[PDB]
Structures are given as structure tokens and as C-alpha cells.
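K.L.:
Next come the chains, spelled out residue by residue.
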Amino acid sequence: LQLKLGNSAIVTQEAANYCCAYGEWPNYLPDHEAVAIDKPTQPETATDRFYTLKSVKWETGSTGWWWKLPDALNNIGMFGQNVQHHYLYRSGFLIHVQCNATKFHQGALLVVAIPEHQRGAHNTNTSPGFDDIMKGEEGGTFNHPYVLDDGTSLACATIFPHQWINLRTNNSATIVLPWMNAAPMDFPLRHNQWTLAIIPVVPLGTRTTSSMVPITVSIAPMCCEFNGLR
Amino acid sequence: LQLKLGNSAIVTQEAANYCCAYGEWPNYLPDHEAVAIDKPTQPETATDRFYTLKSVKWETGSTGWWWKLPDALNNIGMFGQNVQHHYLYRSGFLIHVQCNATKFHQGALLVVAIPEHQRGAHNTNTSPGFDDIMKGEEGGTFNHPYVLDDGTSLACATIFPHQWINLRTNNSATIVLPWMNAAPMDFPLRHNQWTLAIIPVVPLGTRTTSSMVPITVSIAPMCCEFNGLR
Amino acid sequence: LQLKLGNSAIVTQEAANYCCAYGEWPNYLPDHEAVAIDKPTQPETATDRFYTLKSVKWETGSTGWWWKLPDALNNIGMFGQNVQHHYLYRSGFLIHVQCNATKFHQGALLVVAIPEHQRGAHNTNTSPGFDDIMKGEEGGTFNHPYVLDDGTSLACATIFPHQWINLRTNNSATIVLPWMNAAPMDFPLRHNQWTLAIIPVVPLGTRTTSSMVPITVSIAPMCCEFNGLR
Amino acid sequence: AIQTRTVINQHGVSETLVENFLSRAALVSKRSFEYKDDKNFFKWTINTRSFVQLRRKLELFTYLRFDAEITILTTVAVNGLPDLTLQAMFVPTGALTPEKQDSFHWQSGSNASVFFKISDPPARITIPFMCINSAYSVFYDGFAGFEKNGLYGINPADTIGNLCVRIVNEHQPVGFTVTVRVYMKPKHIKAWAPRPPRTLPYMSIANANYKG
Amino acid sequence: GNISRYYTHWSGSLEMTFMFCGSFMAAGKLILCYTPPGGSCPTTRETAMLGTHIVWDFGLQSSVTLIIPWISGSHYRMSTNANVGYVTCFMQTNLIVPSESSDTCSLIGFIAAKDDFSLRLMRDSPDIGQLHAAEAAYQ
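Protein chains in written order, with full-length UniProt numbering: chain A, 83 to 312; chain B, 83 to 312; chain C, 83 to 312; chain D, 606 to 642, 651 to 692, 701 to 833; chain E, 417 to 494, 501 to 552, 556 to 564.
The set of hints was computed from the structure by calculation and includes no laboratory data.
Among these hints, one or two may not hold up.
[Stated by the list, open to error] Here are the simulated DSS-like pairs of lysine-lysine, each with C-alpha atoms no more than 27 angstroms apart in a straight line:
hint : chain 1 : residue 1 : chain 2 : residue 2
1    : B       : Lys139    : B       : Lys86
2    : C       : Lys217    : A       : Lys139
3    : E       : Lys536    : D       : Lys670
4    : A       : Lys86     : E       : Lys536
5    : B       : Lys217    : B       : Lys121
6    : A       : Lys121    : B       : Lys217
7    : E       : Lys536    : B       : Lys185
8    : D       : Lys769    : E       : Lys536
9    : D       : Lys769    : C       : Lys217
10   : C       : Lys185    : A       : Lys185
11   : D       : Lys832    : C       : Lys217
12   : A       : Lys86     : B       : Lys185
[Said to hold, decoys possible] Distance windows between CB atoms, simulated:
hint : chain 1 : residue 1 : chain 2 : residue 2 : range
13   : B       : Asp213    : D       : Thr611    : 51 to 57 angstroms
14   : B       : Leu271    : D       : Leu632    : 42 to 48 angstroms
15   : B       : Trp107    : A       : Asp214    : 58 to 64 angstroms
16   : E       : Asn505    : B       : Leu83     : 42 to 48 angstroms
17   : A       : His204    : E       : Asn505    : 50 to 56 angstroms
18   : B       : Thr208    : E       : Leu543    : 30 to 36 angstroms
19   : B       : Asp213    : E       : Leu543    : 32 to 38 angstroms
[Stated by the list, open to error] Sample of chain E residues facing chain B (criterion: CB under 7 angstroms; computed from the structure):
hint : residue
20   : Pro452
21   : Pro453
22   : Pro458
23   : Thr468
24   : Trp486
25   : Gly489
Ideal Cβ placement from N, Cα and C applies to all residues, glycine included.
Just chain A, with the same shape it has in the complex:
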């Protein structure tokens, strides 16, 4: 089955079921909530396509990875060009995470999408700065994945929209994120609504001490609006 969206397509054979975050499908801004900036413009295709990131190397000592949305896409393609020219935006997300493993690899990943993952720093009183948060396409690495780098727990992180990748049963995960904000539009260069976190709960393993699995993240903006500009 192919995830076809735009001139991008994720051409696979096995992908069982998506996760629809909080049961909500991404729709455009309805015509009673748009009292604001008049008729937020919709490219309808030009942003709404998969942006397949650089793959990360999962190994035995991997603590996990995170990308902040839309910070992971603010300098990529026609999404990232509209972020630099527009002031407001509204978008959901289709996220496809995929692993390339054999039947002799093992390990489990919690693929979790966190709404407004305000991070904490470790062993200090200073807040995280701009460079500690806004990592872009490269993303970040969990320093302490057990507390989710925010003082909470990873055990309870399944309260968020999540998917499991257990390499016995599946290697892919699909989360469909709606718009998640207290405002209908927001400001893409300085606030993130979602953090996609991929954390290995069970570490990777085969015998020959240098087991390694590619993890590929494909993010598609869904129903992506922006302010007028004309």
C-alpha cells in the first residue's frame, strides 16, 4: 500500500493501521472560528506532501530521538518557504515512522507525539535556550528518556498519541495529528504544537555487537493553512 500525497509517495508493502490522535482528523479552519485574519489561504497541495527526513541510526546505546513540529519543517521545501513569508499558519500532520530490520533484529520503540512538549534542562535552574529547542530537520536526542526530558515519566507517555514498533510484529507506525492549539492560527517560527518522539523502550539487539537499524521519519503537513498576503 502506498501513502500517496502530492508528488511524494511512500511506496511500501506493509502498513497496518494509523493512529488518529485524540480521535480527531485534521480539517481546515471552520467558518465560525475564522473571525480572525480574513480567509486564511490554502495552497491545498504545495505544502501537503511528505517530507522524508534524514534517517537516524538506531543502535544498542540509542536513547531516542525527537523532532518538533513545525520546527522540523520550517526550512524545508514549500512548507519552509511559506513559513518564512507568512506570519500565521494552521496545520495537522501525517507522520510515518518506518524501520528497516530483519527477522533477527529485536527491540521495541515507543513512537509518541507529545502536544506542547515543554522541555526541561538537567541539573540547573536556567531554562533551555533557543539552540537547545529549535533543532530543525536534524532534531534532538533524549538526554534522559526515562523522564521524557521534562521531569515526567516515560512509562505514562502512552497517555499521549502513540504507536508501538515491536520488530517482531511491525516496523512502521503512522500517527495522524490534528491541529493542537488553544488559538486557531499560530506562529511557526517560535512555537511548536507537537513533538514527535521516538524512544527505544527495549534496546536493539542481534549477536555481532554492532546491531544497527535505520529509522526513517516522513512528515506530511495536513490541511496546512497560512494568512492571506494575496
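Guided by the hints, dock chains B, C, D and E onto chain A, whose structure is given.
P.N.:
Just chains B, C, D and E now, with coordinates in the frame of chain A:
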């Protein structure tokens, strides 16, 4: 009356009647002529707006001005950005020429749109080069307007789509150009379908020896298509 | 699923789809084309059975194999006994090619049936002789599989009736050949209508330097006629 | 080199019809012969393999059924020009080919002779589909015989015949050179089982040997 | 390619097919790109993903196909078509094979024309030019 098209608007009070070139209104490429590159994409607004050029100074010794289409627009705005990223295009043009004169100025202008104005050079056998033709937004000046710089006559240049600006009667001129080619698409960086020429048949005059009139050219691409790209 | 034909049976579990050569199923000679030798006799079973050849060893340096029909069967069984006693014949063919590989072997085979594969020799003006063509059950080996040993190309050899064996997806191939001649009967000891060629486009591979796959060819004459004799 | 492009407006499949792909009058033979009364007359076994470009077009197929439209275009040159009668005689398989200019086989009551002058339009005849089978074998995976190099690739049912051309006139005090150009146009063409094109140069006329 | 060199002007869509020919447990991802005529061929995997592309996981799907929309070049004497488009492949991931499969895995490509493909103005093909036993058909 306002010429409103896009986020551009030419806000005047007097504009009598357009010239529709060869009686043809610019339409999109019909669904029997598009056997070619599949479904040529249409921004529908992003190019279709007035691009108001730098005004030229009409004086007593002015021989005339010319702009080649779409060469006059190939580096301007979303038209000129689509010219650099696309390979094919098809567009008509709305051209509005306007003069700023008082009732004490005099002079007549032939505003003529020439299809495929292949130019000649004067007193040589070498063809005009690239820099002698592709002037861009600045345009060119007629060296010999009486022969239209091509060996023909200016007297018979009313065989082309044209408008008169006689400063007694009018100061504006509107020509609506259709697509003018033997092919349905063409190549905007290396061939021009139209040359807008503005030639003073009767020179400018008032008493104090330094009579000067602004001439403003506003070009809007009409029904502007481009190849797919997706 | 079993390929049961006569007292021969190819008893497998996986065989997806045959190739029907030029869309034509082998039928007997119709009663308007048989103006010739009166009522060509039909054993109806005695030849129409699978003749399973000696398996060939596919390895990393294999260039390919070929069998000419009916030369591969002219000394085998009741087909080959009827070839020595009869003067004319007409037959189609069911060809089943099968590989014995594991899921750790790799490689692709083009299994192609060529009508009237007139061979050329390499770097000489003399034609191929009798012993260079009529190899019998043993068959031959491609000297230059890239040109199909006839000056043509292997890349375009899919213009012929063909099947792919990609060891990921399948290990078997079935081509059903009709009668392929400009005459309704022909002469089995001195002309060949079909050449079954099995050519490894992607060579064989596993790690331990001596990777080897059995390839088994089973040829069944279909609708095999012969002249009267009474 | 300079690089260009044009918007191409095409529609239709009619020019790639195998009748249109193959029916053109191609030069299939050209010989000189001197004349002073197979030397001193034109004899050509009618094949399609003399020139490599018609050969590569027809070897895009396994079987061909066509009539041949033979046009004979004779020019003369002295060693003005006299007006000479020529006899072109199609000698089928089973008839006997001349070996001399004045042989009795030129008096053939059964071979198709055409008598024509230089000053005329070029002589044109249609040789029919002559094969014993339903199509000509462009390729033949077999032998013509089994007794001590009955050659490979040769089909006994592919022989069109010979095109024998002489000068009906007798000896003259002037000596001249006769160039016979033979043009064949295949007609009413049916084709079967298309093949890969040949990628390597031909080495011989009689086979498909390759040098690489 | 060969049949179109008998004609001068060609026109239509094409049909690429790529078949992965590794082992059953070989896994990985490729980015198969399409660059339209005029556009520049991508040199990085990230520029590749910004165009029309296919993220093809060949771990389970051995064959992928892609419509090529409308190339249509010609022949000029007054000069070639040259750049009319590209199909480009980048490694999204590494090749992941088990320790009994081969390290090296191969791709093969196929091209066909579609039903909108057309050819015009038949010429002579430049491919084979011009030998032995020639004058045997005369003696």
C-alpha cells in the same frame, strides 16, 4: 474606474475602451489542443496581476520605447520566479499604458503591440545579439522608429494591434493580447511573442524647452499557464 | 498445486501464473489448414507429458543456458521415438522452470522463449555447424548472453515470450508455447521452432563464495501431432 | 553543440503501421556490367540482406509475408547514348537461370520477362508472395540439409528467385557500361513475432555471426 | 530507444519499472526522483526529496513503477534536444541484509512506452552502418 486584478489595482478615473488584439480574448489552453505536457498547471492568481514598470520620461527628442513580452517580466515577481522554475508557459497579456500630462502638453503616441518583432540591426550584416534583444524590465529605445527598427515602416504599423494616445483626447491605452504563437506552449527565457512599442509620432511640446511627460506601463499576464512540475 | 499431465506430475506448492506466449493457447491443427498429409495422427497422451531434464547448476559465473525445441526432446521417451519414426510433427509446449533456493539466495533470471533463435558464431565468418546447434537434452551455454549469441541485445529480449524469476518473489516460471511456424507441420530432426533460454541477469549470491542453485526444466509437448503412418 | 527544444504536437498511430514502416522502394541491388558481344549481364538472387539497413528493419520480425514491387532503373555510360532494349527476366525457384547473354534460357516462355528501353520510365513489376509456407522466415533455426554442411539458417522455402537482366541488342562498335539499380518495395505486408534489433555489425550475408 | 530512432519526432509518456533483486530479507529505502525538463538534476538526497519522488522501501516490495510524464524530443539541423528530464536514485537508508545473504544487492530498470506514445517522420536509424559473402548472390 479601477483595473483590479489580484493584489494589484490601477486606480484611475478615465479609461475609455481597451483594444482586444485580433478580436481574441485570452483563454486557457483548450482540452483538445493539450495533447502535450499533461494538464499545464495554472496558479490562476499568483502571476495574473499588474506588474507596473519603471516610468519612462517622454521628452521632445524621444524616439520611442519597447518592451518584449515575456522578457520584460521574466525576473519580476511570481511570474519571473515561475519562469525560472518552469520550462513551458502560455499567457496572454493585459497592457495598460498611461500618460501624465496637463492640458497644455501636446503630442501623439502610437502604442503598438507587435507579434514576433524580429529586430534588425543598422548598417551591418551581423544579427542582433542577446544583449541587443533581451533588455528585461528596462526595455529598449528605438534607434530608427520610422522603420520600426526592422526595415519595415512605422506608417503601416497600425496593421498590428494598436492604440493612439493623443494628449488632447486621451492619455491612456489598453491592449489585451491573446496567446500569439504557432505552438500552444513556448519557452519564456528565449522567445518573445509580443513587443509592446510606444512610439511618439507627434513629438511632445509646451513652451519652456524642457517639456516632459511620464509614461507608465502596467503589464498583467492573463490566463498564464506553466508545465506541471507537481 | 500440481502440474499433472500424463503419468508425469510436477508436485509443488507455489506456482502463481503461466505465460501464454503471444496470447495463443496450443490447439490441434484445424480442419481448414490440414489440406496437407491426411489427418495428422494424435497419440493424445503418449507424448503429452512432462519431460524433466537434468538440472543445471546456477552459480555466480553462470552466463546462461539454452535448450532448442524439439531438439531437446528428440531422443527422449515416446516423443523422441515418434520423432525418429515420423516425418512431420506439430506441437506446442508447456515449459516449467523451477529454482531451488533459500531466502538467503539472491539473483534474477530471464526465462525467455525465442521463436527461431538462429544463432551466430563469435569472431568468424563460418556459420554454426550441426554440433554447435543440435545439443539435445544437455542443451548449450550462452557464450555472450548480453547479445543473446545472435548480435541482438538481451535488454530487448523481453519482446519475446518471457518470465522473470526473482528469488525474492518467485522461484518458478511457466511459459505455454503454441505452434510457431510458417508451415503447419515441420521436420523435428532438422528445424527448431523455439529456444528456451534461461539467462541470469542478476547473478547468484550468498556470502560463502560457492553459492549454488539448482534450476530444473520440465518440458511438456502440448497438442503434439505427427503424420499418419497407420 | 547547440541544444534546442520544440513543443511537439502529435496525435495518431498511422505512421508506425508495419505497412507504412516497411513499404518504401529501397535500393536492394546495384551492379555495373560491361557489354560487348555471371559476366556481361545482371544476375541477382533476390534477397533482402544485401544492404544492412533494410536487413536490420526486416530482422525486427520473425516472419514476413509480402509481395515485392521490383523497379529496375538502368543507366548507361560509354567507355551520345543509344536507345537499348533490356530484358529483365524473373527466374523463380525451379526454373533455370541463364549463364550467358545469348543463352536459350532468355527465350523463356514461362519465366516473367519484361522488355524495356532506357528512354522509357523505369521497368516495374510485382513479384508475388513466392514462398511454400505462409510467410518468409526472416530467421531460420534449422538446416537446409543434413548431408555434410547443409547450411544453418538457410530455409528452402524462402527463395524468391533470380532477377536476370541483359541487353537484347547485339554487339556494337561502341563499348559502354550498364548500371542496373534494382529497387524493391514490399507490399501487402504482414509481420509476426517481433525481435530485438541487432546491436553489433553484421559479418556475413549468410548468417548472424557477430564480432563484438 | 531503437524503434524511435527510425523516426524523427517522438512524443508521449514513458513507463519505468525498477526491480530489486537482493535476498528476501534485504531491506532498505531508496528515493527515486523525477526531474522535469529544464529543471536541474538533484545532487543530494535532500534536494531529491524536495522534487517529485518515490520513497521506495524494497524490503518487501520488490518492484516499483513510475509514470514519466511526457518527454517528447526531436531532431534538428539548421543540434540535439539534450536535457529533457532525469530519473535519479538516492540511498535513503543503508542496505540491511542478514549475515547469510550477500552483502551486495542489485537493481535492474525497465522502460516501456505508454498508449499515448507517438512517432512521426520516419528516417534511417543511425545504429548499424556498413562484408563477407556479399557477391555470392550474383555469381
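K.L.:
Are the hints correct? Go through all of them and say.
P.N.:
Taking the hints in turn, this is what the structure says about them:
1. B/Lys139 / B/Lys86: Distance of about 26 angstroms is within 27 angstroms: holds.
2. C/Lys217 / A/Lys139: At roughly 55 angstroms apart (the allowed maximum being 27 angstroms), A/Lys139 and C/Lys217 break the hint.
3. E/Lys536 / D/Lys670: holds, 23 angstroms
4. A/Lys86 / E/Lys536: Satisfied, since the Cα-Cα distance of roughly 22 angstroms is no more than 27 angstroms.
5. B/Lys217 / B/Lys121: The given pair, whose Cα atoms are some 32 angstroms apart, is violated under the 27 angstroms limit.
6. A/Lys121 / B/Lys217: violated, 39 angstroms
7. E/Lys536 / B/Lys185: violated, 67 angstroms
8. D/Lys769 / E/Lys536: Outside the cut-off at roughly 50 angstroms; violated.
9. D/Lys769 / C/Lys217: holds, 17 angstroms
10. C/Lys185 / A/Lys185: Between C/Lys185 and A/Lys185 the Cα gap is close to 12 angstroms, so the pair holds against 27 angstroms.
11. D/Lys832 / C/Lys217: Holds - the C-alpha atoms of C/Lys217 and D/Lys832 are around 23 angstroms apart, at most 27 angstroms.
12. A/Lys86 / B/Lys185: Cα-Cα ~64 angstroms, so violated.
13. B/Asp213 / D/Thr611: 51 to 57 angstroms: Since B/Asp213 and D/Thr611 have Cβ atoms about 25 angstroms apart, the given range 51 to 57 angstroms is violated.
14. B/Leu271 / D/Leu632: 42 to 48 angstroms: At roughly 45 angstroms between Cβ atoms, D/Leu632 and B/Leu271 fall inside 42 to 48 angstroms, so the hint holds.
15. B/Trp107 / A/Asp214: 58 to 64 angstroms: With Cβ atoms ~59 angstroms apart, the hint holds.
16. E/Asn505 / B/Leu83: 42 to 48 angstroms: Check passed, 47 angstroms falls within 42 to 48 angstroms.
17. A/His204 / E/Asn505: 50 to 56 angstroms: holds, 53 angstroms
18. B/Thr208 / E/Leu543: 30 to 36 angstroms: holds, 33 angstroms
19. B/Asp213 / E/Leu543: 32 to 38 angstroms: holds, 36 angstroms
20. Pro452: At 6 angstroms from the nearest chain B Cβ, E/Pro452 passes the 7 angstroms test, so the hint holds.
21. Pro453: At about 5 angstroms, which falls below the 7 angstroms cut-off, the nearest Cβ of chain B leaves the hint on E/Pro453 intact, so it holds.
22. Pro458: violated, 14 angstroms
23. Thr468: Check passed: Cβ of E/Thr468 comes within 5 angstroms of chain B, closer than 7 angstroms.
24. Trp486: Holds, because the Cβ-Cβ distance from E/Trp486 to chain B comes to roughly 5 angstroms (cut-off 7 angstroms).
25. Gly489: With a minimum Cβ separation of about 13 angstroms from chain B (threshold 7 angstroms), the hint on E/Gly489 is violated.
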